[PDB]
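Read off the chains here:
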Amino acid sequence: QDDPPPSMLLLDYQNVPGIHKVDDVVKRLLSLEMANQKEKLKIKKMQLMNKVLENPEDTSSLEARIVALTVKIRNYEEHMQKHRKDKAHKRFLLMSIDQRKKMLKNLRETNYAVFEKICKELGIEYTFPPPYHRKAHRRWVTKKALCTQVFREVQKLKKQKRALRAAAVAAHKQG
Amino acid sequence: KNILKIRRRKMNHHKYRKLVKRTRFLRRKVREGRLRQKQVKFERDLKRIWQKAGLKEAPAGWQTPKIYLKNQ
Amino acid sequence: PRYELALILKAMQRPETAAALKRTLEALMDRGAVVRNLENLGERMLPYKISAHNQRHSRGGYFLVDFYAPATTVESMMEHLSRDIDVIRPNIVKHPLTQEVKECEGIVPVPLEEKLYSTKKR
RNA sequence: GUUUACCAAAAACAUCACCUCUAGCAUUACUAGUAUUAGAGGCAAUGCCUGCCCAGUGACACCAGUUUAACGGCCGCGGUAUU
RNA sequence: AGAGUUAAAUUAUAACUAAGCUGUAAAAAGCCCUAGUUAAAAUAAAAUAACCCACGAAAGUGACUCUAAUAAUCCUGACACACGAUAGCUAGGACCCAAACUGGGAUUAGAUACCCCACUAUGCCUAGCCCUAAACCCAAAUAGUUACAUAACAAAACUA
Ligand SMILES: [Mg+2]
Ligand SMILES: [Mg+2]
Ligand SMILES: [Mg+2]
Ligand SMILES: [Mg+2]
Ligand SMILES: [Mg+2]
Ligand SMILES: [Mg+2]
Ligand SMILES: [Mg+2]
Ligand SMILES: [Mg+2]
Ligand SMILES: [Mg+2]
Ligand SMILES: [Mg+2]
Ligand SMILES: [Mg+2]
Ligand SMILES: [Mg+2]
Ligand SMILES: [Mg+2]
Ligand SMILES: [Mg+2]
Ligand SMILES: [Mg+2]
Ligand SMILES: [Mg+2]
Ligand SMILES: [Mg+2]
Ligand SMILES: [Mg+2]
Ligand SMILES: [Mg+2]
Ligand SMILES: [Mg+2]
Ligand SMILES: [Mg+2]
Ligand SMILES: [Mg+2]
Ligand SMILES: [Mg+2]
Ligand SMILES: [Mg+2]
Ligand SMILES: [Mg+2]
Ligand SMILES: [Mg+2]
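Chains as they are written, first to last, in this note's numbering: chain R, 2 to 176; chain W, 13 to 84; chain E, 2 to 123.
Just so you know, the hints here were simulated from the structure itself, not pulled from any lab data. No residue lacks a Cβ here, since even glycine has one placed at the ideal position from N, Cα and C. Treat the hints with caution; some may be incorrect.
Said to hold, decoys possible - Pairs of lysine-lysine residues, derived as PhoX-like cross-links and limited to a Cα-Cα distance of at most 25 Å, are as follows:
| id | chain 1 | residue 1 | chain 2 | residue 2 |
| --- | --- | --- | --- | --- |
| 1 | R | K145 | W | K27 |
| 2 | W | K59 | R | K159 |
| 3 | W | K22 | R | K162 |
| 4 | R | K41 | R | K91 |
| 5 | W | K53 | R | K159 |
| 6 | R | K159 | W | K68 |
| 7 | W | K78 | R | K136 |
| 8 | R | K144 | W | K13 |
| 9 | R | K145 | W | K22 |
| 10 | W | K53 | R | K160 |
| 11 | R | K83 | E | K11 |
| 12 | R | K157 | W | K82 |
| 13 | W | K68 | W | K78 |
| 14 | E | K23 | E | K11 |
| 15 | W | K64 | R | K162 |
| 16 | R | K160 | W | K68 |
| 17 | R | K160 | R | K174 |
| 18 | R | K157 | R | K136 |
| 19 | R | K145 | W | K41 |
| 20 | E | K50 | R | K43 |
| 21 | W | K64 | R | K145 |
| 22 | R | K41 | E | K122 |
Stated by the list, open to error - To give an idea of the chain R side of the interface with chain W (calculated C-beta under 7 Å), a few residues:
| id | residue |
| --- | --- |
| 23 | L147 |
| 24 | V151 |
| 25 | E154 |
| 26 | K157 |
| 27 | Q161 |
| 28 | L165 |
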């Protein structure tokens, strides 16, 4: 988790001249201290697009969108951590996540280098969609578990029979 | 007008619900027998699986849980 | 101006009122507030009798406190003002001077709706 | 798990669970505790349930009235669908 | 979605005063620990504005305040994922008022109804289930056209 410091002097007021010469009070009213949450979000967005990107000027690029969306997503994550039962934002969260993952699937198919970079930088891990979405239910889960166990046992026993065969034929051939 | 169809369905459903109320514990017994049958067939399936794989006993530490007979 | 504290105080003499206003303002600056102004709307008879702190009140003094505060703290201030026995009733509002007036360009008249029904000849 | 040591070991008892009642509190029990506690009992884990009755008898309410997961109760005779 | 708040009622509860009060097309039963006025927490519900047509994907949402907040540089898309009115279920808390059930009173040939009174599950809060509605604006989603042209009725006809 990052920390956009309480004194950080919100985004629109950073580039106006002679700001630091102003007295403590006005400097404090323009601080992230007296700010909204949306201000901290503007700041976080800027900082991230500068850290991660190449050309922070293009909003139109796939990667730029992926960054913005990632900021939004993290914010919803926070909101959902405070409000458990809010269904509206659980929808927003999951939905938005899917959008991001779609744009990712798109980057990975067009520009691979940048995709790789972004995945590393944002901590996003891209997984391939399985073929065959099916609901795993009690019967299938249990039966599959058994079948895997039966498999491991069978090949383990084949290995033991081969160790016995090797030992026997070797001790025979020697004398 | 179209209500005639709706009236038919209305009556059918009503009748049927009444029926389930009367026949309730018979139905109960039957569903329970069916769940037993289900659990058994599931067991047979698994047993057939490890046996056609050549093994004699079920693999080490296999209890074959009761999924259907699960307490309601 | 950011927040507007509407304060309705128990109707009292000069020193006690000045006292309450003082400790209230202090309490505000303690939660991290910057107080822009203090206004006095005078004392009136209340719109209706307000029961607070085991007292039924008829009259009261009215005050506005415009201030800047971190979003977090409003709840805190509210709590404080709730347990003050000299406050008849607190309220905290986004300051009316933050919202700016868009221009009514006029009333665009609405024509009677048409083609609601078909051209059928009854 | 318990029981008739010396004719009965059990389907009896207890029991987790579920339920009723009774208590607002201090230096020997309960308890150096305080109603999510402590006593008096019923019934027997779990699951689906636990229907109707306060007239009698109790017990609360010192009389009215309330109580059945308190003691306990929970019906007939005649005539009818060709039979 | 959170947290905080309460104007109008209403009620526990007293204080006076009155013998009745309630209830219907009409009565009975009920209540007189009742009624009118003067005081009043909690609970629940949110006149007027609204002749408005906003927000939300839908279900839904119209007392006040604040915090957080309404995906996608926007084609379609599941049996996958997340929701989903009322009722209902489990556990704890609330209870003004309403009210399936049930018990009284009428009605009636009967009346296990409509009408009257009383009271419960339930409606409320917390947490978890349940996953259905005439969930219908009975009109799929996205882009368009007003050309050809009336089965009937209804919300006019059509293209991809
Ligand atoms: Mg039929
Ligand atoms: Mg013996
Ligand atoms: Mg012995
Ligand atoms: Mg024995
Ligand atoms: Mg013996
Ligand atoms: Mg026994
Ligand atoms: Mg039980
Ligand atoms: Mg039992
Ligand atoms: Mg019984
Ligand atoms: Mg009795
Ligand atoms: Mg009696
Ligand atoms: Mg809540
Ligand atoms: Mg009460
Ligand atoms: Mg009478
Ligand atoms: Mg209102
Ligand atoms: Mg959107
Ligand atoms: Mg789509
Ligand atoms: Mg639902
Ligand atoms: Mg409950
Ligand atoms: Mg009730
Ligand atoms: Mg009623
Ligand atoms: Mg009756
Ligand atoms: Mg409910
Ligand atoms: Mg609807
Ligand atoms: Mg349909
Ligand atoms: Mg569709």
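The hints, checked one at a time:
1. Restraint check for R/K145 and W/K27: the C-alpha separation of about 43 Å exceeds 25 Å, so the hint is violated.
2. Straight-line distance between C-alpha atoms of W/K59 and R/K159 comes to about 20 Å, which keeps the hinted pair within the 25 Å bound.
3. For the suggested pair W/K22 and R/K162, the alpha carbons sit about 69 Å apart, so the restraint of at most 25 Å is broken.
4. Taking the CA atoms of R/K41 and R/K91, the gap is near 22 Å; set against the 25 Å cutoff, the hint holds.
5. Straight-line distance between C-alpha atoms of W/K53 and R/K159 comes to about 29 Å, which puts the hinted pair past the 25 Å bound.
6. Among the hinted pairs, R/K159 with W/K68 is consistent with the structure: their alpha-carbon atoms are about 14 Å apart, no more than 25 Å.
7. For the hint linking W/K78 to R/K136, the alpha-carbon distance of about 19 Å falls within 25 Å, and the restraint holds.
8. The straight-line distance between the Cα atoms of R/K144 and W/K13 is roughly 53 Å, outside the 25 Å bound, and the hint therefore fails.
9. This hinted pair does not check out: R/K145 and W/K22 have alpha carbons roughly 45 Å apart, beyond 25 Å.
10. Among the hinted pairs, W/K53 with R/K160 is inconsistent with the structure: their alpha-carbon atoms are about 32 Å apart, more than 25 Å.
11. Only pairs whose Cα atoms come within 25 Å are accepted, and R/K83 paired with E/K11 is rejected, the gap being roughly 38 Å.
12. For the hint pairing R/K157 with W/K82, the CA-to-CA distance comes to about 33 Å; that exceeds 25 Å, so the pair is violated.
13. Only pairs whose Cα atoms come within 25 Å are accepted, and W/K68 paired with W/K78 is accepted, the gap being roughly 22 Å.
14. A distance of roughly 14 Å separates the Cα atoms of E/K23 and E/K11; the hinted pair therefore holds under the 25 Å criterion.
15. Among the hinted pairs, W/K64 with R/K162 is consistent with the structure: their alpha-carbon atoms are about 18 Å apart, no more than 25 Å.
16. Straight-line distance between C-alpha atoms of R/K160 and W/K68 comes to about 17 Å, which keeps the hinted pair within the 25 Å bound.
17. Under the criterion of a C-alpha separation no larger than 25 Å, the hint pairing R/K160 with R/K174 is consistent with the structure, at around 21 Å.
18. Simply put, R/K157 and R/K136 have alpha-carbon atoms about 31 Å apart, too far for the 25 Å limit, and the pair is violated.
19. Simply put, R/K145 and W/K41 have alpha-carbon atoms about 31 Å apart, too far for the 25 Å limit, and the pair is violated.
20. In summary, the hint linking E/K50 to R/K43 is not supported, as the alpha carbons are separated by about 47 Å, beyond the 25 Å threshold.
21. For the hint linking W/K64 to R/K145, the alpha-carbon distance of about 16 Å falls within 25 Å, and the restraint holds.
22. Only pairs whose Cα atoms come within 25 Å are accepted, and R/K41 paired with E/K122 is rejected, the gap being roughly 64 Å.
23. Proximity of R/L147 to chain W holds as hinted, the smallest CB-CB distance being about 5 Å (cut-off 7 Å).
24. For R/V151, the interface hint holds, since its Cβ comes within 7 Å of a Cβ in chain W; the closest pair sits about 5 Å apart.
25. At a threshold of 7 Å, the smallest CB-CB gap from R/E154 to chain W is about 5 Å, leaving the interface hint in force.
26. At about 10 Å, the closest approach between the beta carbon of R/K157 and any beta carbon in chain W exceeds 7 Å, and the interface hint on this residue is violated.
27. The beta carbon of R/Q161 is not positioned within 7 Å of any beta carbon in chain W (closest approach about 13 Å), and the interface hint is therefore violated.
28. For R/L165, the interface hint is violated, the least distance from its beta-carbon to any beta-carbon of chain W being 16 Å, above 7 Å.
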